[PDB]
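Enquirer: Spelled out, the chains give:
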Amino acid sequence: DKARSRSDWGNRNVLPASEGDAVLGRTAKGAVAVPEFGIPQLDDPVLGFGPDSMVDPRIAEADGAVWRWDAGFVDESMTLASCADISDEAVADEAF
Amino acid sequence: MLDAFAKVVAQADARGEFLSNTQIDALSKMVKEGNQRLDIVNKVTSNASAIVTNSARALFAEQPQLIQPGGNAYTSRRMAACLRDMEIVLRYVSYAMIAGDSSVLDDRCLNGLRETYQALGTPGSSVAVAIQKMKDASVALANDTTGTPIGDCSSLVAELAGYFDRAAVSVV
Amino acid sequence: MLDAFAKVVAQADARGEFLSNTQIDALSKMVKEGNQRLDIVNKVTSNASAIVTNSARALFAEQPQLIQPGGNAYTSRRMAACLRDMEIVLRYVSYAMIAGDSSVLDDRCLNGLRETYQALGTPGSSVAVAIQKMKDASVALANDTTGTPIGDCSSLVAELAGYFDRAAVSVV
Amino acid sequence: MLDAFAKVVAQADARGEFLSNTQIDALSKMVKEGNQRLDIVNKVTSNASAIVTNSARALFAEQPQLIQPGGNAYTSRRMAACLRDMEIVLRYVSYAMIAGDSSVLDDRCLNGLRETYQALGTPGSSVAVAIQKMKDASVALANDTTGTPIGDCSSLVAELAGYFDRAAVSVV
Amino acid sequence: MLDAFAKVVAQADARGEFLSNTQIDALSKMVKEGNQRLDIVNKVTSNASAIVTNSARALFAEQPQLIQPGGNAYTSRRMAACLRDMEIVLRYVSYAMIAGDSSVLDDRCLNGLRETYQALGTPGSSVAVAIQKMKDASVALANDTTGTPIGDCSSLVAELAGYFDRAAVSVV
Amino acid sequence: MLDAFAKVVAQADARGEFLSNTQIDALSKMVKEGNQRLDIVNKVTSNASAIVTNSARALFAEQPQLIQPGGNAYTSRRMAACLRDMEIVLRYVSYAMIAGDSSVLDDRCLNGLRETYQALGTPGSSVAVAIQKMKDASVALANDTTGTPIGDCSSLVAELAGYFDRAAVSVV
Amino acid sequence: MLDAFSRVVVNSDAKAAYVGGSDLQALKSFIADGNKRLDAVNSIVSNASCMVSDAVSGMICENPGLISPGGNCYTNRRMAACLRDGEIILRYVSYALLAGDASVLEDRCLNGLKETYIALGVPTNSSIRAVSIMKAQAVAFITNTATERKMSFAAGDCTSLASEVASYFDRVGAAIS
Amino acid sequence: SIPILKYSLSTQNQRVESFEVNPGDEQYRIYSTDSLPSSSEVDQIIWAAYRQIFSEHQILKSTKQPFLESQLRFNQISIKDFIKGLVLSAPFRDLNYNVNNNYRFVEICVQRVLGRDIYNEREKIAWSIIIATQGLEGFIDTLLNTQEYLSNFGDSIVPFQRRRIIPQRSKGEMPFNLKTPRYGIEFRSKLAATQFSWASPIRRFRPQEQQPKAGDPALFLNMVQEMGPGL
Amino acid sequence: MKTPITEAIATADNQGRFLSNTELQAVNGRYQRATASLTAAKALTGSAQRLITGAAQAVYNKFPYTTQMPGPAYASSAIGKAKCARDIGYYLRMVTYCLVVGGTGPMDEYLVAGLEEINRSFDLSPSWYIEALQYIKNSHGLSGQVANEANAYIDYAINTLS
Ligand SMILES: *CC[C@H]1/C(=C/c2[nH]c(/C=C3N=C(/C=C4\NC(=O)C(CC)=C4C)C(C)=C\3CCC(=O)O)c(CCC(=O)O)c2C)NC(=O)[C@@H]1C
Ligand SMILES: *[C@@H](C)[C@H]1/C(=C/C2=NC(=C\c3[nH]c(C[C@H]4NC(=O)C(C=C)=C4C)c(C)c3CCC(=O)O)/C(CCC(=O)O)=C2C)NC(=O)[C@@H]1C
Ligand SMILES: *[C@H](C)[C@H]1/C(=C/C2=NC(=C\c3[nH]c(C[C@H]4NC(=O)C(C=C)=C4C)c(C)c3CCC(=O)O)/C(CCC(=O)O)=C2C)NC(=O)[C@@H]1C
Ligand SMILES: *[C@H](C)[C@H]1/C(=C/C2=NC(=C\c3[nH]c(C[C@H]4NC(=O)C(C=C)=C4C)c(C)c3CCC(=O)O)/C(CCC(=O)O)=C2C)NC(=O)[C@@H]1C
Ligand SMILES: *[C@H](C)[C@H]1/C(=C/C2=NC(=C\c3[nH]c(C[C@H]4NC(=O)C(C=C)=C4C)c(C)c3CCC(=O)O)/C(CCC(=O)O)=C2C)NC(=O)[C@@H]1C
Ligand SMILES: *[C@H](C)[C@H]1/C(=C/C2=NC(=C\c3[nH]c(C[C@H]4NC(=O)C(C=C)=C4C)c(C)c3CCC(=O)O)/C(CCC(=O)O)=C2C)NC(=O)[C@@H]1C
Ligand SMILES: *[C@H](C)[C@H]1/C(=C/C2=NC(=C\c3[nH]c(C[C@H]4NC(=O)C(C=C)=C4C)c(C)c3CCC(=O)O)/C(CCC(=O)O)=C2C)NC(=O)[C@@H]1C
Ligand SMILES: *[C@H](C)[C@H]1/C(=C/c2[nH]c(/C=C3N=C(/C=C4\NC(=O)C(CC)=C4C)C(C)=C\3CCC(=O)O)c(CCC(=O)O)c2C)NC(=O)[C@@H]1C
Ligand SMILES: *[C@H](C)[C@H]1/C(=C/c2[nH]c(/C=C3N=C(/C=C4\NC(=O)C(CC)=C4C)C(C)=C\3CCC(=O)O)c(CCC(=O)O)c2C)NC(=O)[C@@H]1C
Ligand SMILES: *[C@H](C)[C@H]1/C(=C/c2[nH]c(/C=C3N=C(/C=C4\NC(=O)C(CC)=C4C)C(C)=C\3CCC(=O)O)c(CCC(=O)O)c2C)NC(=O)[C@@H]1C
Ligand SMILES: *[C@H](C)[C@H]1/C(=C/c2[nH]c(/C=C3N=C(/C=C4\NC(=O)C(CC)=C4C)C(C)=C\3CCC(=O)O)c(CCC(=O)O)c2C)NC(=O)[C@@H]1C
Ligand SMILES: C=CC1=C(C)[C@@H](Cc2[nH]c(/C=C3N=C(/C=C4\NC(=O)[C@H](C)[C@H]4CC)C(C)=C\3CCC(=O)O)c(CCC(=O)O)c2C)NC1=O
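Line by line, the protein sequences give chains A, B, C, D, E, F, G, H and I. Take 1 as the starting number for the first sequence in my numbering and just add one per residue. Take 1 as the starting number for the second sequence in my numbering and just add one per residue. Take 1 as the starting number for the third sequence in my numbering and just add one per residue. Take 1 as the starting number for the fourth sequence in my numbering and just add one per residue. Take 1 as the starting number for the fifth sequence in my numbering and just add one per residue. Take 1 as the starting number for the sixth sequence in my numbering and just add one per residue. Take 1 as the starting number for the seventh sequence in my numbering and just add one per residue. Take 1 as the starting number for the eighth sequence in my numbering and just add one per residue. Take 1 as the starting number for the ninth sequence in my numbering and just add one per residue.
FYI, nobody ran anything at the bench for these hints, they're computed from the structure. Built from N, CA and C at the ideal position, the CB exists for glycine as well. Hints may be right or wrong, so weigh each one.
[To be verified] Simulated restraints, written as ranges between beta carbons of each label pair:
no., chain 1, residue 1, chain 2, residue 2, range
1, D, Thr146, F, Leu19, 58 to 64 Å
2, G, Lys36, E, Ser154, 18 to 24 Å
3, G, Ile67, F, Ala80, 53 to 59 Å
4, H, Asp81, C, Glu115, 36 to 42 Å
5, A, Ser7, I, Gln25, 15 to 21 Å
The following block holds chain A by itself, in its conformation from the complex:
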């Protein structure tokens, strides 16, 4: 049944699966929720963070999405990116 008491955190329920199912005012991991976005310093097309800036590897390590026991841990084997491009001539020639 539902989670009702403080005693249920140690006996019956484990952890919310999404941010909508989380405790009011906190994340799905139990921490306080921060507004996720700050003030961009140094607006500039060539310098400064932009749409073509690369993704720091320490953003997935900070939120813990690099451990296989994490909710947001991505497995890259069964995705559409792992599929062979059928518009390549060496793929349609080998498969034909």
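The hints should help you fit chains B, C, D, E, F, G, H and I with the ligands onto chain A, whose structure is shown.
Expert: Using the frame of chain A, we list chains B, C, D, E, F, G, H and I with the ligands on its own:
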């Protein structure tokens, strides 16, 4: 390692941003919980040998094969190393509770533990039952009101029990 | 490690044979161009800091997202490690130019470097661009006659350009 | 490591049993022929240098491609390492003869040795020929009647022959 | 190493006594001096590169034999060690300021420093001059009321000056 | 370290001599007391905890200043070092009983033990009466016939009491 | 060796400077409060014998294991040495209070005392407690707040002389620690 | 005289400089007798050396060497002799050396004495013949007398896992006690009192791991414990 | 990260221990200081562009050769002035990160480690950045314990460059 205030700094630097007033105001909501977070790790540290041995006693009453001759906790050395494992996991969940997030637990304790137990022949699904029995011994202790002023610390109880859940799905 | 002369002996020992007359005369050809080979490595190590700091400055103007926030050469330490690895690669290339073969460059500079860069998230195709920028900054300087007697040493420059190409293709 | 006596104990502890009376009586039969077991490793140890150097000499007479150029036993360092591999294996067979079982032979000599010779490029079938050449050389010494009272040791000699045979199939 | 609170505890255990109320009330006076003590330590640690560099530059002005060719401070490696030795002593004096007693200045800095300088040929009297020039450079800074509440803290600057005299008579 | 056998051998190599027949006889006499010697060492080893813990309890009862606060055995760090020292003396005496001469006791236990306790502040005359109590507790315990065939065993407990007397004089 | 005036001169001779007027204001108040210093030494020396027999008796009543057989005040030869080990501390402090500088107890008393005491086996934590009691008796005579003896002075304040002598006793404890 | 055979290096973190002035929380706590520690702080050097050579699970009372500890407290042996004395100790030979072969014992002692991983597989092959021909006492002396030991740790520092975390990251390389346990996949089988090699998660009819939904009244329990004073 | 929280965890984990009151007091001292230390980060962020364009102009006043001399290392072009005000904002942003964390964590990882090797290679003189930090140290306008917190990280940056 990261604490909960250094996680938001690392998310903001990987984008070259300042911190807005909405983000600062959410970090001073984390400071105001500061004395209730310190009471929770004090109740876990002060009762730390009754968390471990009451929940190991419970583990062999309902799985008595682990201490029968031929089991994994059968000898005095493998019994002592079994209680060492539970004090180790309880140590790092206690570290992740003052830090505010589980990164010191993730790479110093849980990183490579599931693969360690497979090379030893230790039942990793029974280590998860050991962590789950320390989970509610520690939660029933943190809901206990003795020695504390009056007020609300129920979002912190739900947070402490989530580090015990992360430690228990990482070992099965 | 092996140099060029010790590489020839290693072929001849495995067949259990004395060296021939043509293998002796091929070795006395490498002795004859010894002063032109020593003159190249002197030209490269004397400008070794300028090869690195100008080939880096051309890389961050060509690929400007490497110094933007989130880029792989963004912080003081990530910027100083890029200039470190270019100096390491250029150092072992200078070692392989006096030896005569790439045995020291393969063994103690390049072994496992591709897998090191994949694990860090460092773009290995960008490291290859910066090595090729160091290649023609060194080849253009090795072809400069200011201080040397006039003559043709273009076979040695085509050998130095192959050590840079070897390190460029075994890093991505 | 275990001897023949602690092999029975470690098997009995995993069942939680005392030793049965037919297990004590099978152990006291080992003590009855204990003097003849010691006379076997007295003959093998006292001629251990001649077992290695006579069977190595016969290995290269019949496998003359090991010591030709390019062969695995061609250099001074590669040939002296072939001699000490035979002296290592002959040493760990005699450790398995006074112990009674092949637990020191398997754990300390033969574990992971087939994969080591595959990484080195050593022909593992020829190492088995050298072990079999040491087998009959020390069986011929074990059946010598000089300096002993005449009796039947034929079950002990057939056990020493099984230790060399186990070493020869564990290496190819 | 000890602080001032454990100095009075190591002396009460050696006679098996509880601390009397006078020793407790003398310790609680040290606690309410605590914010003024952290101001002095903050005032030194934030000017630390200018305490060292100015009192060095004032030392080779009045003693030009130190940096003249042949002097103890003449070369870059010996000039770098004279600046390290000034920074080390100022570091361990500020360590003994937050502690309240000089047990950390004594063992891990000053024990064996007259013996070390006599082994190398460093003029130990010139080192005492440089320590007394960092003393009145930082006694003058702790008497500065910029950004502090104006109260009285003359008893802790007489304490901080005593740790500089302790290090200056210990090298001569 | 030497036993009674290799002591006589080592005194003959210095002269370059064989062993005389009157020394093979005196070495064969102590072989015939072999079983009587092993019974003494087995008695002292089997009561090793009760020899020490009774002699220590009888030591602090007559010298109560060793444990009252500020004494040399007042703290559990120092008190466990005192009990450790008493069973180092007992352990090295029974090594000398097995060998036959005090060379292992004289070298790696007694040489420098007087200078060690002087340099620490330990009263060496109190370690003497801690050794004298273990002598009378273990020559009375090697003089009872429970378990041993009654012959005569008095020439060897005069030797065992001679090793305790050697240890009690080299602590002052 | 070096009093309050010799301390000024050796710090001006380091700079080869003349002792002018801005550095003579610490020495014009040394003399202006000169009768109070002589009134402060007189309150220590006049009852120094009682100050020692109370300090080492007060050390023994707190640590009664010093006079047990094996303690460091056991014999009559050991207790007589302790009764002057702590009478020579009070003597060199009253030289330092008289001269206004610590360069006589740190050069004739405190130098190498910690090596001397652990060569003999003297417990230093009890030697500091004997000195600590004498420091409490010293400030109770500079200020006229002794319980069993009041002395006859003029009216005023000596809290700078009371804290100077309490800083001379603290470097004795900092030397054997 | 049979020199060691040549192996190739590999790229590692410790072969290359970190720029790292003012280190942080992942700096790994030099334990040295060059800082003149007292009795309470030489206990911490001893526990750190037990943790490094043994596991944390082998710091039992029956494992501790009380006489090797007292020769370190009297300045008779250095920390390099304490580390050598723990490897040649009787508990280390019984619990670690007897349940490994010669190739996995080299990589335990490289990871724990030198503080770095092996370069390649041939480095295990190169050192495992120092054990088989000279013993453990000869192998640990030629490993402590390399220039890799005397430059990093010297003779008065406890070893540590050198350069485990890159300075920007929060997740670093695996710790060497979790990466290499006491025995491995060989000796596991039945040679170390084991069975069945895996286990499914424990089933139960009271589920114990239910996920709270979006309308569950335990996600609002704050303020349920306590309200304002009343004004 | 040189937070007071992660220094307490690392202190307990060095000796394999639970967190006693030795380490909970270090965490508690962070929370008592976090009030003044978070109003400083809010006020420095709100005056960011005022302090950045002001401190850039103070470097061009004291060092006017940096706007005249040709070469890539100087602010004598439109790109050299964009990269100069980029670097003032880098030093300002790391100060505010240290104020929301407590302790000199972000400045050591992101700014100080490797800075000496960068300033030698690209010929960037560290006296320019000292002058830029001395401007912000005098012009942020804060007072009390809020300026006392802010200046402790401006001064920590000056000691690394000096
Ligand atoms: C009741 C517990 C279960 C159990 C445990 C058990 N574990 C071991 C052995 C090891 N445990 C670890 C784990 C860690 N090491 C670390 O450093 C950390 C983080 C700080 C963790 C979590 C390791 C590395 C080992 C093996 C190394 C060693 O023991 O030296 C053992 C003993 C194995 C043996 O036989 O030697 C036991 C018995 N076993 C059970 O049955 C319970 C379910
Ligand atoms: C002397 C202090 C004792 C005592 C000693 C005697 N023992 C005699 C014979 C004996 N002792 C042993 C045990 C010994 N041998 C071993 O192999 C081991 C350990 C594995 C031990 C402890 C054996 C086996 C024997 C029998 C051999 C023999 O007969 O010599 C003995 C001889 C009898 C006599 O002549 O009196 C003596 C004196 N006996 C004592 O009464 C005191 C207390
Ligand atoms: C929550 C699960 C508990 C509970 C917690 C509360 N604690 C409150 C105040 C408080 N707690 C401490 C101790 C803590 N601070 C430290 O510095 C250290 C270490 C030395 C520890 C263990 C102190 C000192 C204080 C006083 C702070 C104050 O006076 O405000 C508290 C007060 C309410 C509030 O702060 O808003 C609560 C609710 N109380 C409970 O009922 C549950 C069981
Ligand atoms: C080809 C890439 C160059 C070039 C090379 C030549 N160098 C010649 C002679 C020469 N070079 C050196 C420099 C070098 N040799 C050393 O021993 C040392 C350091 C100790 C260094 C740095 C020396 C000393 C000599 C003198 C020997 C001689 O005169 O031959 C040279 C002459 C002919 C030849 O050696 O075959 C050539 C062609 N010259 C060029 O035009 C390009 C730029
Ligand atoms: C078996 C391959 C031999 C053989 C062996 C026999 N030896 C017998 C007794 C015996 N064996 C030894 C050698 C060994 N025992 C030791 O204690 C030591 C050194 C510590 C060694 C090297 C000795 C000294 C003895 C004498 C003891 C005794 O006489 O029992 C033996 C039993 C004697 C018998 O049957 O009469 C046998 C059968 N005999 C053979 O024919 C093959 C060649
Ligand atoms: C002494 C030589 C100085 C001086 C010291 C004073 N500080 C006074 C109060 C005070 N100081 C601080 C800052 C300090 N506390 C911290 O926790 C930290 C670091 C995080 C620091 C730097 C605070 C917060 C306070 C207020 C609390 C209190 O009142 O104790 C103070 C009291 C005023 C007076 O009575 O004069 C003094 C004397 N002030 C000086 O004038 C000299 C230069
Ligand atoms: C009583 C307060 C102590 C204590 C005192 C003992 N001191 C002993 C010997 C001793 N003390 C000194 C230092 C003394 N001589 C000086 O010149 C100065 C300063 C100018 C001082 C403080 C020395 C040099 C000696 C050596 C022996 C001697 O010459 O008399 C001592 C040893 C007596 C003995 O061993 O027979 C004692 C007992 N010891 C205590 O336990 C309390 C705490
Ligand atoms: C610079 C042009 C490119 C770049 C470089 C970059 N590399 C690293 C990190 C490492 N580089 C090494 C390299 C070596 N180690 C060796 O032992 C040898 C010789 C055998 C080499 C060449 C290693 C081990 C590391 C990781 C450890 C460390 O960083 O010290 C970084 C590190 C920062 C990061 O998080 O990646 C950087 C920035 N990156 C680029 O973007 C350029 C294309
Ligand atoms: C000789 C009969 C055959 C032969 C031998 C040969 N061996 C090697 C090299 C090694 N052999 C070992 C063997 C062991 N290591 C162990 O730890 C144990 C017990 C578990 C054994 C039995 C090892 C480690 C090596 C490598 C050591 C080294 O490289 O020096 C070689 C290699 C020589 C070389 O330089 O590569 C040779 C030639 N090979 C033959 O041809 C004979 C059939
Ligand atoms: C500078 C004002 C004066 C000066 C200094 C000087 N010192 C050295 C050399 C050493 N100093 C030490 C001291 C320490 N090392 C430590 O690790 C610690 C902390 C415990 C201390 C206190 C040591 C060991 C040396 C020798 C090692 C080294 O060379 O670095 C030198 C160099 C002497 C030389 O010849 O190498 C100098 C120049 N000298 C002066 O003239 C100034 C008065
Ligand atoms: C402005 C005050 C002065 C100035 C600036 C200037 N800087 C550069 C180049 C660089 N500056 C940095 C500094 C950092 N990078 C970082 O990631 C961090 C921490 C977050 C810092 C402090 C670096 C790495 C470079 C080189 C790469 C880049 O372009 O950013 C230049 C260009 C120099 C060149 O050769 O390209 C200039 C002009 N110079 C002045 O004259 C002003 C006085
Ligand atoms: C076990 C036995 C025992 C004692 C003997 C006393 C000893 C004693 N007296 C004082 C404390 C003092 N002792 C004196 C000494 C004297 N006052 C005079 O009038 C005389 C001239 C002189 C004694 C002959 C003075 C002046 C003080 C401080 C003021 C006072 O307490 O009277 C202190 C200080 C407390 C401290 O800081 O440690 C102690 C331990 N207490 C004890 O427990």
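Enquirer: All hints, please: hold or fail.
Expert: To see whether the hints hold, each was checked on the structure:
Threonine 146/D and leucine 19/F have their C-beta atoms about 29 Å apart, which leaves the hinted 58 to 64 Å range violated. A hinted range of 18 to 24 Å for the beta carbons of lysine 36/G and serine 154/E is consistent with their spacing of about 19 Å. Checked against the given bound of 53 to 59 Å, the beta carbons of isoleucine 67/G and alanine 80/F, roughly 27 Å apart, lie outside it. With their beta carbons about 38 Å apart, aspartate 81/H and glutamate 115/C fall inside the hinted range of 36 to 42 Å.
Restraint check, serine 7/A to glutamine 25/I: a C-beta distance of roughly 31 Å breaks the suggested window 15 to 21 Å.
In summary, the numbered hints that this structure violates are 1, 3 and 5.
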